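Enquirer: Let chain F serve as the given structure and place chains G, E, A, C, J, D and B on it in line with the hints.
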Amino acid sequence: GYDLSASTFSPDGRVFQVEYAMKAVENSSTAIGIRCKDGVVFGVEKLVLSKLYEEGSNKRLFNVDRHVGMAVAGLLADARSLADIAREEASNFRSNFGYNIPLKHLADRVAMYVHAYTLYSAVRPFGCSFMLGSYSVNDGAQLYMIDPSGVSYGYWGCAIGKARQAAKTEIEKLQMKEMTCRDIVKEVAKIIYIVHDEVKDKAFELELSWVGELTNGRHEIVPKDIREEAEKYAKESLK
Amino acid sequence: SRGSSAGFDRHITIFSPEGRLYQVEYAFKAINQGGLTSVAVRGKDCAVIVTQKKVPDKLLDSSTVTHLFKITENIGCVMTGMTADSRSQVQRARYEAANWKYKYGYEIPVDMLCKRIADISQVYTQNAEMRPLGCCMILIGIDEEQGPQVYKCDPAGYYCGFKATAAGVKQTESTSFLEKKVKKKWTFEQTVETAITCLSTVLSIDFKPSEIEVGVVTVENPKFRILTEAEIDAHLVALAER
Amino acid sequence: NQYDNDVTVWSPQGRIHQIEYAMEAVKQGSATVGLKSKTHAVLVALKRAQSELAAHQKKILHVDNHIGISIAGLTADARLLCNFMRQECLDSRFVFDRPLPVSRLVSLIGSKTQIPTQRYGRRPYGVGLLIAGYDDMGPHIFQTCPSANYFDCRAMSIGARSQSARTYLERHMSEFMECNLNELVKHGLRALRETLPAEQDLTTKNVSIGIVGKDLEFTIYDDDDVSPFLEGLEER
Amino acid sequence: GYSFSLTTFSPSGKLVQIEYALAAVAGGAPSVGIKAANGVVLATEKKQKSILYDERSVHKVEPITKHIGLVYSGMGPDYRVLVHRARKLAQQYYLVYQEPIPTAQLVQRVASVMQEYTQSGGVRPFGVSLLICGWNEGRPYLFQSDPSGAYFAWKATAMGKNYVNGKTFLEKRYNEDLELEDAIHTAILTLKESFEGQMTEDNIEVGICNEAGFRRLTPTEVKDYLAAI
Amino acid sequence: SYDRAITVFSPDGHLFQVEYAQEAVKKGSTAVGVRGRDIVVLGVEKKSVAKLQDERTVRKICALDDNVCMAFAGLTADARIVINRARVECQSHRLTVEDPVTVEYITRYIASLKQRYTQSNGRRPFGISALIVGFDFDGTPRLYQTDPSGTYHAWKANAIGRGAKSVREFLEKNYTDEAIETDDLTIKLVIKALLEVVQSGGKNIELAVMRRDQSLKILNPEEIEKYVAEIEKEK
Amino acid sequence: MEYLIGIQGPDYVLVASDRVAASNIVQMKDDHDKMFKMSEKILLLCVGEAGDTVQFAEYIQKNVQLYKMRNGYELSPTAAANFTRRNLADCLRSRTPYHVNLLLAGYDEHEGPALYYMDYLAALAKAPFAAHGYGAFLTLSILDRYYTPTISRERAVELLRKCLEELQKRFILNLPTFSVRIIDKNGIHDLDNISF
Amino acid sequence: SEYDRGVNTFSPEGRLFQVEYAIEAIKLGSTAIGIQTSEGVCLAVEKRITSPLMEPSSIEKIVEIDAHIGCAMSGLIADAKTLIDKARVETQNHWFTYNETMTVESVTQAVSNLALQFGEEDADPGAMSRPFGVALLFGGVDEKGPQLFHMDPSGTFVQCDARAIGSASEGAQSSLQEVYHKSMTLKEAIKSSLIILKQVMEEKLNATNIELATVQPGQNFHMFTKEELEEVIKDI
Amino acid sequence: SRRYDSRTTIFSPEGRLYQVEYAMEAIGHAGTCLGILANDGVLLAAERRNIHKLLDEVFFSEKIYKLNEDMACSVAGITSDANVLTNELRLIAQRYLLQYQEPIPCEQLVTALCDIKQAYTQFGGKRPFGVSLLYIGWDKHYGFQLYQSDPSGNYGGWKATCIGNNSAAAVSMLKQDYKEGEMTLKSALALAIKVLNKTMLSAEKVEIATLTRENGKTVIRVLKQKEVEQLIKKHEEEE
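Protein chains in written order, with PDB author numbering: chain F, 6 to 244; chain G, 2 to 186, 189 to 245; chain E, 4 to 239; chain A, 4 to 232; chain C, 2 to 236; chain J, 1 to 196; chain D, 6 to 241; chain B, 2 to 201, 206 to 244.
Think of the hints as simulated: they come from the structure by calculation, not from any bench.
Wrong hints could be hidden among the right ones.
As the list claims (entries may be wrong) - Calculated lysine to any residue pairs in the SDA-like style (CA-CA distance at most 20 Å, straight line):
1. G:59 / F:170
2. G:30 / F:8
3. A:17 / G:5
4. D:187 / E:227
5. F:191 / F:142
Stated by the list, open to error - Now the stretches of chain C that chain B is said to cover, found in silico as 3 or more residues with beta-carbon under 8 Å:
6. 52-59
7. 181-193
Backbone N, C-alpha and C fix where the C-beta goes; we use that ideal spot for every residue, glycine too.
Chain F with its partners taken away, still in its complex shape:
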């Protein structure tokens, strides 16, 4: 069998271990990011597998630098390991060059780290796609996504996990190029509630964060009040 090692090509020139890691990602619940005029907003459908867990357990949104947020989907231990890697890369960059790491360079470096785990029988590919979001006055809003193969692209809007296509289809309805973060949070909540499959999993929490000119370029959790009003708007739109 040609699918036991990331050091083995298939006869068709595929690396099946990477595709299986992508399948591990595609089994996870959905996260979305949308870049707009003055920042980037993240939302994640965070499935609650037991009512015994605290509201807030298993965050899928991470701060990797003060100006850079991270949203993950897939096997959560792997994603958190990559978030620690991203944090280390950002710290080393700041220590060496003396300013905040540009998002594109951070994306490229972490993507190359992910890629390094796709060449060898000694390690397995990461089972976690993740999003990177950032804002600065000089660079504006930037949103990148990295998959288990190590590919890295910039996006206006992106979705990862099991309902990726439905989310992208909803995002396409937005004129995100002309909207502000205060407008976009409502729409993010709306699409997450729309694409959430309430029949097969009964309860989820919405986690929302953003980074943009309204936070002076700091990545932060969405204030509780904006989260509940966004949820209320989403619920009534769900009507």
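Expert: Below, chains G, E, A, C, J, D and B alone, put in the same frame as chain F:
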């Protein structure tokens, strides 16, 4: 022989009974897996690379989707095949070029950079614990004595200089087209239009300016340059009127 | 089959069978319960004795003044992870002079235990922990799985027939926040008792209790010390 | 890195990975060597399907020192590895002894490298056979080095595609009194014996070694010799 | 460096590599030891004479120190490695304790070397068993045995290699106080025990003796043939 | 300060050494022995800085005994002396140099008697006679005056006595007794101590 | 061939194959017995003599760890040597550093931390390639009084009032349940353990094919001599 | 990686080392090489496999290697492995000369190389060396000596032996014809020719080297074709 196989010769880079390296052949199939084609052509003055830019997802930031990369001020490259592999090999090329300049005090010749990348891929073709990289690198640059150069290396560690070449799904048809054309002139003088015509013919597309990227180096302007949309459109319109 | 022997081999379903098997290792450990109130975090554990003449294996281990752990799974992996936690707590107190916040220690556990899940010829840790702590945000109960995916819990139960304890905890969970310590420990014991076969009961010999809180360093309760809590549980 | 050998003995006592490397060599492009009285010639054919190839951009016949050069049959990138290793060994020798490396010593060191790659962990043998020519102590040398690391001194030989017939052609046609110009002539005729498809100065490469040293012939010299043939 | 786990347990608690090492020892040439009153004797079957062999170069009784010597059965190259390790350790002991080794100390060392090589990555067990004989400083004669597992015990007499089973049987029935009362009789016991299995008989027997304080003296063929005749006319 | 002497005759080698171990101002020991039996027919006489001397001599001794056990025959005197020199030279430029001065005396079946002198730098010289220590300054000239190549052992013992008596008369250090040994075809023989 | 998996592979039941097989290997070992009393612990072991030519005294399956701690072994006796040496060295290090005797529990824990230290890409150039095919009974006296600990190849260790290990451990453990009581005297425990060994041994028990040792608060680890064994066997 | 490893250093179910046995099988097909000890010297005679017409004859021997002043060897088996082993022998011999300032006795050199081969058979997971060697030498302890070693790391001293093709018949013929204690170099040479004549005849197809003592110095010479043709003529006259 004739497709014989023994032991693990389809799983790692060991010889098959015919003396083939099946894993390298599969890396060649991986090059076509990405489904894109790139073309490069050299003339007396210019070396030009053109490739498809496919953006089906309206949500991609199309300014970040490129297969063209600056290696040094005077060396550009187009990558074909698996994207992450391509990015890693571009990073390695950039490191090797910078280190060359640091150690020797002059810019790396295109042939030497291509050779170095080919030797690294060879290392991946000879050690069993890792796979070859599935990406076929094409390099362009101006050499101070021989003028513009176009070199290509592949996952087998081969590297040859070309008058023109292609990579990816329609490599063979592009090669036939360029052979036929070069026979009509031992190189060209109007190169970007030839490259674009070749790509359009073998793809049967007739491109809009957002579907290709073009990079050039010239003896007058050795710095690697990526054409803007207006310049590509001006070439497409000048071609359309012939 | 061919996909279940190597921790580095993804299955075609996007799973890692060695991780699932390690979680079965945790599921076959003896049941333990952890829960917290607004003021206290409590751990309660069943000790197994191989035979009637065995003393019963320790399940609860001191980690630091503000943190202790109950265990389920491989004892030797549990000791290894406990020693790592002990060293990290000591290092944090040495460097920063304040107790290591529980969520940061749990993060360190997640990071340490994720590493062998990704490298050839290594294996997951075959142990699950409940971690009781007190820091500036009050009591905490965390769960660490062999997958390294850790969870912040209001309460949790792991191990054999732990589903019954989880159901009890969900049934009564609206009460825990306002319970005094005695009531909270009683709740813990009732949940744990749900895991036992109909004939067996909780006794002073097989129950161990650990408590930490605002005014109480992590303290271990053994046999003679459990009698006060056991005097006050019903028969059913 | 895997630490275990990938070449091992089969039940019949063969190192099958070496036999298969030799099969790779047999399928490589032809190469020829002729030791003349006053020198050695090495010649090999470039296939080049595509006219698109720039024939001057890469060379199969390569100098190692002022007085030693090599060619191969088989897989090009392994050849480039062995060329770089041979050059490094030759420079190390020159640094120690302050004398150009004798041909036989360079051959022995390259063969020992190939042997290492036939036994060290997690690597396959080289899929290349080398022909090494040189001039020293007033005398010509021609060596072959197999993928196994065995080496042999030849008066003349052929390798790569159709090598068996090349060896019989040279056994019938070679004599010790042959001169360098004549040896070049016979090398070209031997390649033409198994050529297929019209010989040109662009699809073969020839190198010679004599008292003046080793050098590749330029296309114009080969064109000149092909006029005679 | 190669760190693969080579020797592992199999179902029912077997270490197949150790059992196979013991199979390798059982195919080795027979070696016998008997502990006498003030003598210890080693004999080994030379199954492969080779008229063209230089006998000296293939002896299987090698001295470990002045007060300790050993015989082996199994893979001779492995034995050579173990022997030279033991010789080094004996010299280290002399260096640090300023006493010769006891036979037991060096037996334990060899056994623990073998055990480490049955439990260490990258290595296979040693395919040898050893009979180690000599005298402790106080003159007490000693006979120990090691096998590939690293187990060791002391024996009144024992055999290893091919036909060890029947030679052990013979010693069990014949090793009494009477049969080892004198040097001649202990030695003739060893020779009888080999002749129980040795094909040619007498012509191809190696024999060596150690007396209290006297250091290993090997007997030449003339002397062995002399004992053989002395035994055959008695039988 | 420590004294060693050797005198090589036709078919024997005679060596002697004082029997004192001293520390700062005391004879801690008056029957100390500085000769180490390397083999049945080889003596190494090791003197010099405290600690280094015993560690070095015992290292050499153990490796020579190992050679005998491994190979079934003995090192020649010359081979043992060159081995000693190699070890001392190798440790000479290390972090653990040995400040030892040696004589090596031996008899070889085929080469006959040999006496070797080596200094702490590990220079090796074969000599018909030699001495180490400040006492060598007072005895080497007596040996030059009275030695001959054919000197009998009884005469050699007389000559040795004359040297040691000279140390008693003229040397400032108290070396009241000396160990004396002779090596021949029959191995190493201990002779009576020379005492004053 | 048959083995095609790593030494660190979990089974679908959450056990390490190698550890389960080592435990099965323990069943091939000779029988050992421990009894804990208020007056001390006794250790008894079946010698398993295979030939009358063997010196029974050169089989040593009970060893001194330190003056206050003995150890009985069953299983692959050669594997036990590095464990016994580690225990001896640990106890002497503890004495050196702390100027006190190490507790039996601490020794057992220290030895058990060597268990599960296997795998083939992890450790220093020659670490352990496989688990130990050994079970151990540690018997000694410290400030906690008499204590008996058992350890198996999983690295799990637990205090036991009485335990059998080796080929006849089932059976013998049942009899230990039958005869054991908390107020049993040391002399009664010795008698009971020799009666049980007599029952379970395939060979006829005599003063040469067994060993017996005790440890008491009074006196150091003491191996019974031949005459004392004969004497105790006289009553039975 | 466990899947691809061949486990060259394990026991077989019968207590065998299969890689060693297969290396022995490789040697059994290589060129015949025999060694004979006599009272006044020692000789080596080897089948040349380099017998193709176009070979150039550039080295002093094909299969006979000088190891030091007092020793030489020949090889049967994998030529490159033999080059490695003979280089290692030369290094060992010179290390010993350096350390002791006397030539290495033959058996110590043989033992040291056999210990290296053994290490390659016991750990490291490499294939063993596919080489058997015959060693001829003089030392002051045992005078003229002849050894054989094989890939097991076993060795023995012999009066006469043979390795390589048809070894069994050659050793049989030596067993039957060799006169222990009564062979001279002239008669040893005659027997060597007799044996190669039956187990393979022309001088160009054989190589012979002798090791004798002259004026207290070891002399190692490869007989020239003239002498070999003469010995062959004399054998055919004698027949």
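Enquirer: Hint by hint, where does the structure go against what was stated? Just the numbers, ascending.
Expert: 5 and 7
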